[PDB]
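S.K.: Spelled out from the first residue to the last, the chains are:
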Amino acid sequence: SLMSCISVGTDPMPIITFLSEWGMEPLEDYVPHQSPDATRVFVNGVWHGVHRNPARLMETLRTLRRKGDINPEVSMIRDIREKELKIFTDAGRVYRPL
Amino acid sequence: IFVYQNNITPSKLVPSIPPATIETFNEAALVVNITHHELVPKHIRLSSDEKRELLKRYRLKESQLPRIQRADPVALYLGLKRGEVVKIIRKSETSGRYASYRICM
Amino acid sequence: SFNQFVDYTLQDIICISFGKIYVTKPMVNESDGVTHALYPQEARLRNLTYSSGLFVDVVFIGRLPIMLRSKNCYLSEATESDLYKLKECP
Amino acid sequence: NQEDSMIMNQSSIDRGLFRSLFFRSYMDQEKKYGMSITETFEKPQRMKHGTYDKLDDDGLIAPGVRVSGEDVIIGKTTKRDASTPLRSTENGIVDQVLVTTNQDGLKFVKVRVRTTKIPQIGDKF
Amino acid sequence: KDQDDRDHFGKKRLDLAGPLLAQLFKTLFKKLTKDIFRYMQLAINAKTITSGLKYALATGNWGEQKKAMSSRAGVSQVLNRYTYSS
Amino acid sequence: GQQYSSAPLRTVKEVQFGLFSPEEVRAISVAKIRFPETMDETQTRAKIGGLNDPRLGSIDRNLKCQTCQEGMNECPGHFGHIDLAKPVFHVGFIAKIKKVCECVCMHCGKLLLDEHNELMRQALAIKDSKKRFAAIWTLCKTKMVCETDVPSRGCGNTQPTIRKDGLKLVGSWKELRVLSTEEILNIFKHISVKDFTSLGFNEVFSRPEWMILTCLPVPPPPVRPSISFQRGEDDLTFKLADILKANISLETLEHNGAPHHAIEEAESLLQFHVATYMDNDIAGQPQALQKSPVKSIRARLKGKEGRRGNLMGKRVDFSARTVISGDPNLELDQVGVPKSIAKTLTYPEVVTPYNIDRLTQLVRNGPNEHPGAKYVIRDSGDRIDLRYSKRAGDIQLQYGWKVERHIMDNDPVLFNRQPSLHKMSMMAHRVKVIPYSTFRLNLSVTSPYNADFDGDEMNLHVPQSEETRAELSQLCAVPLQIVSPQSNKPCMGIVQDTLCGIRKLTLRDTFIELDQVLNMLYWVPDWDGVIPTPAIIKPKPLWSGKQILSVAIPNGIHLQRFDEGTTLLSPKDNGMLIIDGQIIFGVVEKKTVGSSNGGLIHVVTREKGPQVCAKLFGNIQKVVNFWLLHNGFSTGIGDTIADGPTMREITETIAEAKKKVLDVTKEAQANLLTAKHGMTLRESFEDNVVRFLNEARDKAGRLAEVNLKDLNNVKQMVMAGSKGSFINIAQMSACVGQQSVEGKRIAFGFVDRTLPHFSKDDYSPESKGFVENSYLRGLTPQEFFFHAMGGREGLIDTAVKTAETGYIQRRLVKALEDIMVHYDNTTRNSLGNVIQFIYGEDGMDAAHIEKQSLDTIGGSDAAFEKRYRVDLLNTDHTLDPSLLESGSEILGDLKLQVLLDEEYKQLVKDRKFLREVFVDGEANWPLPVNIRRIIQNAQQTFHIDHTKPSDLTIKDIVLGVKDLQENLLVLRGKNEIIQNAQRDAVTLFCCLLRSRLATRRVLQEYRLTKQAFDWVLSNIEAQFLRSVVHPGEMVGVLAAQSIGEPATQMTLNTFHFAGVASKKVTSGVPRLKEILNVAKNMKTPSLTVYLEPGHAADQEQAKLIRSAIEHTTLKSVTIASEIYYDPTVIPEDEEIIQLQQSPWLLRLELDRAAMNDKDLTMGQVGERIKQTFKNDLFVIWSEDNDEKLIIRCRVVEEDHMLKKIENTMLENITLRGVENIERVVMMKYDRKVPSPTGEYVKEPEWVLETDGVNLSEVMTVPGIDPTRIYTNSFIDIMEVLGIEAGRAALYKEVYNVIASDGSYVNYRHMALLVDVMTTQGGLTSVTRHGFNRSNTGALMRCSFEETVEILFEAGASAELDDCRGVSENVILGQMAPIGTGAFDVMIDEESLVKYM
Amino acid sequence: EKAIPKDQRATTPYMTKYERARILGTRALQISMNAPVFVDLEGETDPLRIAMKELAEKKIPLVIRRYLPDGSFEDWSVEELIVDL
DNA sequence: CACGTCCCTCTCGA
RNA sequence: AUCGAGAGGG
Ligand SMILES: Nc1ncnc2c1ncn2[C@@H]1O[C@H](COP(=O)(O)OP(=O)(O)OP(=O)(O)O)[C@@H](O)[C@H]1O
Ligand SMILES: [Mg+2]
Ligand SMILES: [Mg+2]
Ligand SMILES: [Mg+2]
Ligand SMILES: [Zn+2]
Ligand SMILES: [Zn+2]
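So the sequence lines, in the order shown, correspond to chains A, B, C, D, E, F and G.
Okay, so the first sequence: first residue is 540 according to PDB author numbering, each after it adds one.
Under PDB author numbering, read the second sequence as residues 109 to 119, 122 to 215, first letter to last.
Under PDB author numbering, read the third sequence as residues 50 to 64, 90 to 132, 165 to 196, first letter to last.
Under PDB author numbering, read the fourth sequence as residues 834 to 878, 884 to 916, 934 to 980, first letter to last.
Under PDB author numbering, read the fifth sequence as residues 393 to 433, 446 to 490, first letter to last.
Under PDB author numbering, read the sixth sequence as residues 3 to 153, 163 to 165, 167 to 186, 198 to 252, 256 to 318, 321 to 335, 337 to 1156, 1161 to 1172, 1187 to 1243, 1255 to 1454, first letter to last.
Okay, so the seventh sequence: first residue is 71 according to PDB author numbering, each after it adds one.
Treat each hint with caution, since some may be false.
[As the list claims (entries may be wrong)] So the derived label-pair ranges between C-beta atoms look like this: (1) D:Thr970 with C:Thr109: 35 to 45 Å; (2) F:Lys695 with E:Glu468: 55 to 65 Å; (3) E:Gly478 with C:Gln60: 29 to 39 Å.
Derived by calculation from the structure, the hints in this document are not laboratory data.
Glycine is no exception: its CB is placed at the ideal position from the N, C-alpha and C atoms.
Sequences are here, hints too, so could you generate the full structure?
M.R.: Structure representation (structure tokens):
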């Protein structure tokens, strides 16, 4: 398409890092049968966190991008219906502007 | 002819009399006569003097004749044997009646 | 996607092991004359490769084709009257 | 114009409608062979079955020269011929000849031949 | 949950010019440094990156070194220029 | 050139396939291959006496070969050889070698079994060569010992279970032994002279010991060439040096120091080269590569390109191709050839007094002058190029020279589009040299080739001899082909401009004045030059559109058509009636002048001739087009505009449709969806929803058609049939409609939603892909995308799914090649095997066949008497003396009423016979000789007096007919066998004859005189005797195309409607592929089971039948299953229980809705459970009055040993019904049956369809008709009802995918293929194994798949090719016994002097 | 060797379009090779139209040897074969 | 485990 | 030239 553009590849660490700094429980110490209702966090299709108040973070990150402190190309979804949060610095995603 | 109800010992025991054809049919497929069905036409046995006739009148070799399987649900019904021919009268939409012939391979 | 390959992705592949890697704006080394001020139109007519250059501290490596309007390409910065004078099309 | 073909106004074609330019770009070079023996462009003395005469003595045709069939637009020698004849299927007019050298220093040649295509009965639009 | 859609586009990627070069450069640099570890027994080759890179961008087949049998053929094709939009 | 050789000239009639011996290779070898050196004595152009020309072919054009002195063009080549140091398995015979070693004593050399075993003397009886050798190896690999007697014979060594590692064999003893090449060779050589012969081999042509190569044959250069630029040998000349390199290693490695480990390696290496050399696409193996892979000889020959594209198809001289444009001023059978092509295309004319004067002028004109020549070929034969020869002027031609001259006006040429899926796609036209570089063809010959003039390209071929010439003009001429056997109808007709303006012209409002009329009259070249008296005279001499058109229609034509409400005083100029080549009334449209079954074209080509009609084509294209020129016709966006309260009307239709579909949308949103039976709530919903849009969008397309006046242009083109269809008007002006991808609507690519602009889980029609707007209005951002999705699905059909149908045709054409009617009217193949005994079961040609009606069948028993019965003994029912000449003198005559009975008696014997063959009562079928026409063409001919009586006796009528039938010959013969198949072949035609020549009809409604009658009899006799197919006709390669063309061609016009899908790639292309491959894994096995005879219309019998076969299990009704511990513990169970084992409880709850949905209770469910487990389980259950339907079972470790009982009780426990029968739908079909009054009438009756096929069991059910039952699984029907019963099912399952879209192909074609698979014994699939396995000639079957493999087992079984199949002759370069080759031509000295 | 006698014929008595076509062709090829014309060449030049005139007057000295599947045949003389077409 | 419609037109690379 | 790769046309 005309508007269509392609991702390019971001580094995840400064984004993984801002996750722990704002409410990510590392997978090493996860309490399933204790904190079960916990949306899973996915940085580039890898799972190393979960969160208590998801919607508050989808909004926290969503404005980091719209600001710039997070690159505008990295696409982020929250499957509220499935309590999941996938984030992508992926190189090769076809995105349009809206 | 014997009518085995549900099974027969393979105690093989059939082809054993030279001057006798030892035939066997089951009760399950004989419930409804297959030859009554819409698509099954008249199958007629051919005398050894009819076969030897049709083969020379159509100038044929035995191999060249259309073949009917030995175990054909109709070839057994009529108790066909190897070499027997069967004229077949089907109602065609071009001639009304069309004569075909099959040899029992 | 070419630049993000150039401006970074290069030094990444390097990892005797070598240091930061340097790229030269595209030139060609011809039989006598050595350093030729190689441009797109030049190599386009003359049938040469628009090859940049590879150098890293352990020293020469090879030739990287540059895509036009990219990083190490000249036309990236140049202007209309520049290209017109460069036999290239705006 | 039946069956999705069309009728063209010849009056309007004559006035220039849908007149196309066409270009072709034959190429050749002087090949290097080990003991520094190399090819050479030139009118020779084997030869190709076409009209060499339109060549010059540098093995080239100069621009602005009509050419047809299997005419020679490039004479070369490996006597031992490697002349480049025109496309057996085109009838053009030489436009511009280029000569430079390779990244090996080989004498490099590119002939360009020009023709104006004219909307004909059978052309697609 | 439904079965995962095979042709869902948001899950298929588009390897572009850069990463294509990456795939080429790595398999190449990997083999230049293999020749480096042989130089032990600057006199280190340089065409292996020059030609091996020209090789792919020329054929279209994506190098895979040199012996690329049915492996990535048709990635580098000459540009159409019969119209601007073309 | 090729010089003359004394040697006699023959054709090849036998091709003996066998195998070389190592001794015969040494024999023929013109030179031992000693060196691997290319051709380098000193790398000079002189080659090396070691490889390449040590005596074989020549490498240099300027060099004669060292054997046959002819050099280059003439040198066949000469094979060499290289003695192998160690024997080597042949790559192809590798597996066949093993299959033998498994069969023979690897020590004794004798067979592992012999004639003393019952199965070996049985398998040995099979004289089928390859089926015996398979029936031997099957029962030979097992018995692994050299027995010594067992009632002596013969040492005893056990035989090894052999396996293959790849190029080497091994066998286990108890010993890991790698079986040796020579050791196997030594075993094979010792095989009994008669043992290997009975093993599918041959004593002289294919000994087993030759599947092992002791001496390799080297092919000469011409096989593995070498070209210069310096030189470079061929990929196989390399591979040879590779083999020789691998050999010379063994030669010395084994001569001196024998290191065994090295010896056993360079041998395996050599084995490799010899292996890949022949086949390099092996099973395991790396597959060799030389500086790469390498070209295996097997790869040269693999199908498609490689002797299938070197011999089955060639590139050819005397050919051409260019863009094609359409010409309305050309003649049908012509082709405007550009001048330039006619200067490059020649024809070798022979010099003769007839042409010598023309020929020498051309020569002088030369190769530059249009009507010139190129070459002159002398007595001596060397070619004389007229462009460069000095004597190109003072050259004097001799009689008997050949003058390769330019192709001139009116030569015969082969013309063709390229998708040659048609007998018609290659036609012969008259050349007409013209300017500009386009081929020009008459616009009516477009439809045959399916050509339009948009960058379309057509080939042109040109004959070279006067006989291939006549062959084109006497068979493949365009007008000869005007009526196709494909669909027994015209395949050419008026189209585009001419059609659009011919209804515009043929009107009453349409008048032509004088200045315009004389122009029209002149354009008709065959014009009688007489001005037709004007339909209107005096006010202003005017002419009717049709009136002026009629001078082009040839006097002698009578046509009759009635449309909707067409009267004898046509209301809206309805229907059509042409009398004596002038138009009576009615507008001319597609029906009249198209390629209609009984259209004008069809009638003119039959009752007048092929070339007569052709001139008609032009005579109309020259007039109609001329009129349209000066009337003109256009089309704008104005013609796609209704807007005027019809767009106010249509919009309402789409509004309620969004509510009628919203109705069901909310219904099932609250569960209230009365789900249909079989199709789930979702499936059901959509099916009703999907047609609420398609039935509404299709209702705005007729609302569109209504408003649009008769002055609309888009409307006008469709009314004539020019271009356009009902849908088009709808989509453009009214509404586009739902878009269908993969049949179903637009699905949810996103999670449970169709687009990111749409609500999630939105099922509305706007979301699921319904285009509410038209093309005029313009789609929405969404409407467009979906419409873009649907189109692609189409664009995919038209480009990706065409390879399905092009392949099914290849198979069709390949399994039906040799099939042609023979001189006894048999339809046989290349073996003589009889496929049919008369083509199309009536020996008729498909072109002379027309769909006329047999009035003897359908209708009232009352009206039958009225229309046929003649009672001479009667005052009321006798032929009134006004219709006969002797009505009053024959009134009461009784010796004559005996025949009127005989006649009327055979009419009823007729009527009751037809109703046997055509059970549905359909009375319109195709048969030769249009009688509905002939009587008309006789009333106009003798001018019949509707008043004056007839001069015929009852003696005349009934006896003329009786004698006419005896002369309607199909098979001519003498003995009863053939004569009795005469009666048969005709039988049906005669029914129409007696029907239309009824003595009442002849004199009451036909009014025939005597002359008129006898005329009708004699013409009927010939028009029939013409309709007989001709012995030679390639009916098989024709049915193949006739079946394959519409399939390949239907799936090419799928995007003309974009997202429509329909049954294009739904049940057509798919099922047909199934049908041809047969295949048991049918994708939709259905049993359409008819009810019982009596209570067929009352549902309750069908509702009871439904539950008696639906099949049911525990799994069906069960809700949940629970293992319990309880020895009396369950709450809601403790009540039902007051009415050894194990405390382990098995408690399962059932579904109330489910339980009574199959008319079930509990006791039945239980009693079957008890019965499937007997007294080994304890079972109890509740009641239907109970609140919870539960079954409790105790066993009578056992907690996991009970789960077995549950997962066995669930799916393996059988309640009611028959197995496999997964679904059952009850349906009421309207079947036609004869009312007591005799007339056929529509009485419904209930029928059930299934989703499973267990015929053997479902037919034996009480309460149905076991005579009417039907399953689409023709495979199962062949199994149950016999092959002959299956043949009909096969056809019925073939026709059922043809009659959908492109809904007509003629019985014959389908029946031939159908009969093709049938007449073997069972189903013989149209696939590289199904039919290709027959006993056909070797080369034939290799022209279709398994190409090199087939030629292998041919020479290995010492096969012989008959040379009777077309493919054989094609590969051999001989005229094939095909039509023009089915006979031989001779001159008897007698005749030559009878006309001395 | 075997063959059929002309009193035991059984093939269609008319001329097969393939026979007619190969006879008009055969004679044309022969007529164009300067072979004697047995018909009255009435102002004709084309060697096919001569053969068509030769087949219209049935002055063609050719016999069609119609091979039946069994190997045996039965010649028909061009001049005796009816020409319905 | 072998087929995978038909032709036709150009471009380039060992 | 030959093999391979690709883009088009009907
Ligand atoms: N892939 C193909 N394979 C075989 N034959 C094809 C193929 N594509 C097109 N054809 C043939 O060429 C023609 C294709 O139709 P064409 O491209 O001329 O479009 P059209 O029907 O005129 O389209 P439009 O609806 O735009 O007018 C048909 O005659 C078809 O048989
Ligand atoms: Mg077209
Ligand atoms: Mg078109
Ligand atoms: Mg197309
Ligand atoms: Zn020779
Ligand atoms: Zn023994």
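S.K.: Each of the hints needs a verdict: does it hold here or not?
M.R.: Now the hints, each set against the structure:
1. Judged by the Cβ atoms, the range 35 to 45 Å given for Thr970 of chain D and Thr109 of chain C holds: they are separated by roughly 40 Å.
2. Restraint check, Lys695 of chain F to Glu468 of chain E: a C-beta distance of roughly 59 Å satisfies the suggested window 55 to 65 Å.
3. The hint said 29 to 39 Å for the Cβ distance between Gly478 of chain E and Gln60 of chain C, and at roughly 30 Å that hint holds.
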